[PDB]
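What follows is one chain in structure tokens, specifically the form deposited in one PDB entry.
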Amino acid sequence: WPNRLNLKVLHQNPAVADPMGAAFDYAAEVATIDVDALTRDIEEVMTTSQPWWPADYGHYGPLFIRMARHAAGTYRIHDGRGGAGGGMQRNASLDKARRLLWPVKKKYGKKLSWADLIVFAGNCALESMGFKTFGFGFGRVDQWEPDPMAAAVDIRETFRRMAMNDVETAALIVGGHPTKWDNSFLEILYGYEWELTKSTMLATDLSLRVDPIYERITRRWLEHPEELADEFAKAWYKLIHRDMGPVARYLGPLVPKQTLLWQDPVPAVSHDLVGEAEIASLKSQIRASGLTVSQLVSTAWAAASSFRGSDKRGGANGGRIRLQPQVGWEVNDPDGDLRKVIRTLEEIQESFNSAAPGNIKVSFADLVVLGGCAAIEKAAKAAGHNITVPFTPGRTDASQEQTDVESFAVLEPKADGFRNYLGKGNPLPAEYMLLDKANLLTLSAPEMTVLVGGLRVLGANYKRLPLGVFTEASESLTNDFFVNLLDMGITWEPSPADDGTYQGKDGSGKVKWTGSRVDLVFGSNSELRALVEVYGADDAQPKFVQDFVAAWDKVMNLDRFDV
């Protein structure tokens, strides 16, 4: 029970339990919402008072604000999950505000999900208390399954765990007071008699007065409330929109044109895109250039594995692998063959852009994935079967100033199972971290198994370790990993030099393979051996290739939201 590797965490939100069907997109519907008519309904609900729960001060504004803040106050950067865009099992007194909004959800039904309705109720409450917010973006599909200086540091830490700076933390604290700039929160907390303490009576937020950096931050706002009104606008925006993905995922006509630093923005498509006859002119140009299949697949997977299917940030778009925060990570081994791949895939970019049919310019963030797909095509063609990996271009390269080291320092994988990376600070073993990594990328069990089996053989291993590889000749996409694992002629033992690896004796005289910990799980766990026995049969060689191509393509197209 406790130590059982549960595969149920992969199909956590299936399509069988969705009451909407397969053919149902949340992007063609909320764009048709007339927010000018929805705000009237929200105003009516805010003004009225229902008898089953009386209206505090005859107004539901503050309740909606607290519901919105509490719904988007459970975000955590280390894992990404939580936030507002999720299901989060939609306290007690804050589970009735979800049922005080039914008169609005009833008029729309499917064109306005709860995850949008609650947060929009909060934002409209802010706009009704006399505040000019920054904007709003719909499109949060909801899952269908579940003393001062002693607390001052705690406040600075709790917000620091929610990707919140110091000035923005102060803005969020002061804004909640609710935000109407009439109660004069900071206007009295700084000009009041100090004999009135715990020992009118103030609250326990006296940290804002006594903490040095907090007091310095609030000194500006004491005499310049306009900067407070502007800083709370960005703080609220960040609070309710941290969970959602790139800027291209924002819907509705209320979204503001001004792009921010924390969205991880990328430049728009300032040119034409590469056609179909031209990508075949690049694939044959990607090879015959020096790069083998190992380097190309490692580079391509190293830029699209940073995705996080919880807050939908990271991914292959933008092409930040060439930039600073990721070309320095240990898993993307910088002193190895990464500074050479990056330089090689820029001469091709320069050469192609020089001699191009007009203005058909391709970006580096596109060339990296194109090189990966060309490498897989070559590897497959070297193993009998031939296949063309499908491709959806349109990525753009982001400059150094668009990204941010501090925000990207959390995306560093503490352990990457598909590449046998295992650093330090690993409480869980290497199997559960593989499961979590596959859950973040929105991978299903067959997809996870086929991806591991393909990546081991292809060459994507940390520092090209001989671990995992169960093939007599690499640089060829075969199912030889599954066949040699399900094979029962070998005998597995813990390694003599005990460091977490294993050793597969061939039974008779010698040692053939050298396994690992995130590898023998597939050969041991029955629920995964059931899939290994499917991909490692006699006839199912083409099935493995087709499934690997499909899973690879879906992983690469994970973060493609504009198309």
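Positions refer to the first chain, counted from 1. By rigid core we mean the largest C-alpha set that fits within 1.5 Å across both forms. Compared with the form deposited in another entry:
- Only one candidate in 191, 334, 256, 275 has its Cα displaced by 2 Å or more between the two forms after core superposition: 191.
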The other form holds:
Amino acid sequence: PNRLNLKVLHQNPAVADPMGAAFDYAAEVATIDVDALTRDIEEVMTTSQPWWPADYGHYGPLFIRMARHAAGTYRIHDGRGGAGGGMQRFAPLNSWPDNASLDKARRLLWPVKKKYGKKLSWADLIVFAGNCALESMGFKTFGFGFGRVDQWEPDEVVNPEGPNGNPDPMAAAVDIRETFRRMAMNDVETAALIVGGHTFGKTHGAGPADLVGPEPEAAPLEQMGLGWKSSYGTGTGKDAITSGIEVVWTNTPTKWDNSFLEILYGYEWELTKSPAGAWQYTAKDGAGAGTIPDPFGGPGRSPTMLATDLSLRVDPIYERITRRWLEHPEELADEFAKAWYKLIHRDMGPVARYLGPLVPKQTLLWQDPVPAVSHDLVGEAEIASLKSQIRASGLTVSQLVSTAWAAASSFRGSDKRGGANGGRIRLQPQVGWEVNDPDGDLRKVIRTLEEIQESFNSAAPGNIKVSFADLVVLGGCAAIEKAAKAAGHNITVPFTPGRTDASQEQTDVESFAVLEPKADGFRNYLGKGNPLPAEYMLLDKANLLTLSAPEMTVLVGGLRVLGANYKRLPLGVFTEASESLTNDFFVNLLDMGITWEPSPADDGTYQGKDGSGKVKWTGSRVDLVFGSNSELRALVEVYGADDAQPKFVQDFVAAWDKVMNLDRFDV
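Rather than the form deposited in one PDB entry that you just supplied, could I have the structure of the form deposited in another entry?
The following holds one chain only.
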């Protein structure tokens, strides 16, 4: 195998950012004139360019497709992908054969971006242009929210004929369903996306393939980043090759109407081969034959439908809904508006992160909405009383720290989804997770925490009240203060109140299941279904929390000694006196009086026999990789020194503070 890659933790560093450090995305994209931007984009779509002549004299459909391909790489498994930082500029995404001829679109949008510059990120534009194109044709969309930041280096990572080159509609139905289920799109949403997105535009296959050149990443230097140069005929325009199929779906390819489902359910479809050798479907009995317009103004075309678009006619659970839409268009417009809004905004986070004047004024359950604050927040003079009340409630530091971490470690920095906001660790999909230990001391902790707000709120000075979501994090901070005060350090953990409490109706139990950690390395948990070893999954978890190598190291080192790991297992607790935040985990695995040997009862744990032969410690794979990996052993030796205890405690407090406030986008 290959050694673990610590460069994944410090991805997208500051030195690669041309905008500097004093740059605020929201503070500027909240100031543009969206009407002016709409005018600029609308005059970019309708003016043809000789480098890529526009079909029908409208670049709209190209921009809709670019917006779909930008946001169509989201994965609910891991969260990475989607619009996000707009990675279809750098990554393999710009060189995939699936993304053919989308470099041209991003090139055509340069005149818009040139005018605005730093106050309009690429990620917005390639997702806004499409959303404007979809509205330029007469489909009143649902709303748009700017605010997805631009990034400066790539990351780590369905056939038009259906299966692997086999034209079959019923067989492509399951492929479409499975590839759209990874985006978390039910049958209605995926049918609406396929029907709506194909009422516009055409397919580009006018010439035989094998004449196009290489992708942008392996293209000649003089093409300026535009791969897939075609040598067929003129090369571009009427002779453009992008996927090798020549399908034009509707007779109105630059206007929204119910002309897709009427063609699909109107003719009988028979199989035929594209001019470039691809499989497609054409109307049987020569029906049509000169009804669909030609982009450059030549002779008309017989009706033609792709191999996967016919699925919506043979799959019963697609056929039912699409036939209903054929009898009811306004439902199709509604479903497509909502599905498109979900598609381009799925990996963007809480509602408090959308910007601009187009953002809708309603809560959609797929956003995991949390209520707005209905009272003045708890003041600093009053979090002291509440902190003391928590510290004198009989709850051990282990229980409080474990509960606070369990609440606030379900965050996905890739998806901005999860976190401690909303107070969902009390709710059904999350109180029952195995790592959280629904048994034991989570119901007890939650009860003794919500019997504290029940007393504080009733006997409160004015309108000031505290929410449960704040109470779990405040208990974590109180426990850390109590622990550090036992190691001799008098510190205060920073705490910014404001979290609210989400009821059960606003929590989608089905949605909050991919958030479940199959392996949380900080709590020393390793469930089944893990693809990689333990240390790699800890590294992945740390990357998701947007943690760096020093923060991850100090966090695990302090979190073992604080006693917040799975089932209170004594794995990696390298301290004699627990319930105290000290330096002991680092200074005890650098000890060379201890010889680490795998446990004879093979279960993936190691036991470090002392000098005299007695077993002193008992680590695990996650714990011992810090003493083994050279570039993590380098970091352990920083906190394992003799003078670096106060530095360690302040670094742990900083990392804990960073983790608790990951989800706080409202402040």
